[PDB]
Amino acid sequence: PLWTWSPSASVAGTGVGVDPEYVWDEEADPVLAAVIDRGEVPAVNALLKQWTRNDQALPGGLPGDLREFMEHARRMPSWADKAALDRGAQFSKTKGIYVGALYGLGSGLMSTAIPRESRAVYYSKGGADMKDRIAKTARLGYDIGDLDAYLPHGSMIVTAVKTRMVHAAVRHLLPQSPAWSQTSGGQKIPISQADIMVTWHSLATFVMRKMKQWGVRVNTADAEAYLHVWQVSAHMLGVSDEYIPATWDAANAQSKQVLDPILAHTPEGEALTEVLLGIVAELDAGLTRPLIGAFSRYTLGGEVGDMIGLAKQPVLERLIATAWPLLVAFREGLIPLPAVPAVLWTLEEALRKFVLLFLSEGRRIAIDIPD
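Throw up the structure of that chain alone, the form described as "closed state" in its entry title, no partners.
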C-alpha cells in the first residue's frame, strides 16, 4: 500500500519497479538470520565494536558470509559527488540549531505517529534501551549532517552499514514476538523499503519543508546538496535506488502520498511519546513540557499534534507562530533586532541546549546487533 507510482522520478530512474512494500533487504536479511541462528551475535558485537571509522579495515574473525556482505555494503554508490556532500554537510552545520530542533522534536515526535515504526520500536527486544531507541532517527539524522560523515576519517558509512545490519536482524526477530505479530495488520515481515522511505520523508523532506517555510536561507545549491547527502544516506542504509527520489519535486510529491496518509495514533506510539517527552524534559536544557508541546505542535501542525496527543496551548502557540519567523530572519542576518516577546529568546536558548545535549555532544552508544 502507501506507494502508487513508477520510479521514473527516482535515482535509478527506470520505467518499471517492484512495489517497495514487498521488498526488504535481499543481501542483508539471510546473512543476519544465519549470524543470529548460529549464536554468533555476542562475538560479532565485540568485533564490530572495534570498527568505528569509514576507512578502517574490517576486524578479523568476522564470519565469512558477514564479511562479504559488509565489504560490499560499505561501498559508496558511483553517483555520490564529493563536492555536493561537503556542501550538504556545511549547510547542515550552519543551520544546526534548526535541523537539530527539527530532527529531535519534529521527526522524533512524528515517528510516534507512524504506526509501524512505533510498534517495531515498542516491541523490539534485545536491542538498545528504550531511552536510546526513541532517539534513534533523530540522532542518526543528526550524524548524517556531520562535516565528516562520508570522509575517510568520518563514520557515517560505518553507522549506516551497522544500522542496515540491525534492520536485517529485526526482520528475523520481530516476527517471533507474538505481541508484534498480532498487531502487525497483514505485514509478514517488518521494515519494508516502503517503510524506510516513510521515515526518510519524516526526516529529509520534512526538515527541508519546515526550514523553507520558516524563512531559513536555503539557496538552491544548498538545497540540492542537502538532498544529495540524504540520497547517498538512503542508498547506504540499503534502500534501492529505484525508491530514492531524484529531485525535491519528486521527494515532495512522494511524501504527500506515502507519509501524510499513514500518520495515526497507536497505544504503542502513545507510550513512546511519553518516554521521549520525559527524557527531553529531564535534560538540563530548560525545555519544559509546555515549551516542547507548543513548539512541536507549531512544527508538526495541529492534525499531527492531535494524533500524538500533544494538547493545544493556544496562547503559547500563537506567540510562537507570530514571532518565530522574526527570530529566524534575525539569526539569518536579514532584519535588525526584532521586538519579539521575551519567551521566544527563552525558547531559542532551550532549543540550542537541546541540540547540544541530545545530539551534538549527546549519547552515542555503539550500534549493536540485537539479542
Contents of the next structure:
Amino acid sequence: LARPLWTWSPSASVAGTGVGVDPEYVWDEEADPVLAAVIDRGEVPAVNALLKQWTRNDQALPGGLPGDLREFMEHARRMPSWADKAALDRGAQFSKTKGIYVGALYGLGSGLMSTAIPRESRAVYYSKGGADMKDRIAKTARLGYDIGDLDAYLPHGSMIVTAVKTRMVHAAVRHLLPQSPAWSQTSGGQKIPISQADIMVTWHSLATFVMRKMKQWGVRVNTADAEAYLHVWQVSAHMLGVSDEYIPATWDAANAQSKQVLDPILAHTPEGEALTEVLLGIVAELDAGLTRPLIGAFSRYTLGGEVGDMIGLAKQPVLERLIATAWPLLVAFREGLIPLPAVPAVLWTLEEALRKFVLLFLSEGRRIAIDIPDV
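May I ask for the structure of the form described as "open state" in its entry title now, the form described as "closed state" in its entry title having been displayed?
If you are looking for partners or other molecules, they are not here, because only the chain is given.
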C-alpha cells in the first residue's frame, strides 16, 4: 500500500523519474551491438592497437577506428550534465587524504568480498579472451583505485578513458561469455552476463561498503566529503554505462539498497573459492609484509566473521581481537584526535604493511592498457 518502495524505483535515483524497468533485464543498449559487430568483423586486434594510444581524458580519439565504434566512443566519453567538477575534485582529495583506509578497503575488503559475489566470480573465472587468472583477480582487487584517482576527471587524468574502455570490455564479454558452455551452465538462467543490476551490486561492494567501514572505524568523514565521495561514484557509474535511473541519488538510498541487493546474494561458490586462493596468494607475494595471518585477520575484521567464514578465511582470534581493540586507536591517532596510543607492536606492523600494499596497488595499475577481449 505505502511503505517500502521498490529498490529499483526511479524515485530514489539520480534521474529521479522514469518508467520503472527491472535492471536484471537491462544491459548496455548502446555498447552491446557495437562491440558485437567489432568482434564479428575481426576488428579487435586493430582496435586494441589504436586504443592503446588513447590514454588521457582530453585527448582526441585516434584516427582509423571503425565508424560505429568511433561514434559510440564520442558519445560515451561525455560527462553527465549533473557532474559537478568541484565535488569531483573534493572527492578525489578526500580519497587521497584517507588513502591507506580506502586503498586497504578496496584491495582487501571489496576485492575479497568479490569472491563471494557469485555472478562476478563466475564471469571473471570463465572469461577467456583477456589475461591469465592471476592478472585478472589482481585487477579485480584494484577496482576502486582508478575511480578514486587524484586526477580522475581532470583533463590530464584518465578515468573517462578507463570508464569508456571498461564499458567496451563489458560489452565484449556480453557477446563472448554466452558462447562458453561452462558459463552458460552455471549462470542460473541469466542469458547475458553483467546486467545493470549486476553492475550496481558490485558498485555497493565498493562505494557503499567503503563508506560504511570508514565511518565504523572512526575515520573523520565530514558531510561534505561523504557527499563528494558519493558523487565520484555516481558519475563513475554513469560513465561505466549504468543508466541514471539505477544510480542512487543519496547515501540513504544507497545504504538501503545495499542491504537488499548485495547482502542477500553473498555466497560461496567453487569459482569464487578458486579466486580467493589466487588473490590471497597474490597479496602474500607482494613486497609489503602482509603475511597470510595478517591478511586473514585484517580481512575478517573488515568483512565480519560471517562473510569471512563464507569465503573460507582461516580464523585468527588473537590477532582479530588485537585489531578490534586497537585499530580504532590507530585511526584516531592518525586523525589527530588522541595522543600516540600504547598498542601492541603488531598493530604498527600491520598498518605499515597496509600502507605498502596500497602503494603497490597504486604503482601497478599506472599505465596498464585495457584491451577488448576477442575469440
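Residue numbers count along the first chain shown, from 1. Only the largest set of C-alpha atoms that superpose within 1.5 Å between the two forms is called the rigid core.
No residue of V258, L203, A160, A135 other than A135 has its CA displaced by 2 Å or more between these two forms when the core is superposed.
If you fit the rigid core between these two forms, you'll see the Cα of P20 move by less than 2 angstroms.
With the core held fixed, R363 shows a CA shift of 2 Å or greater between these two forms.
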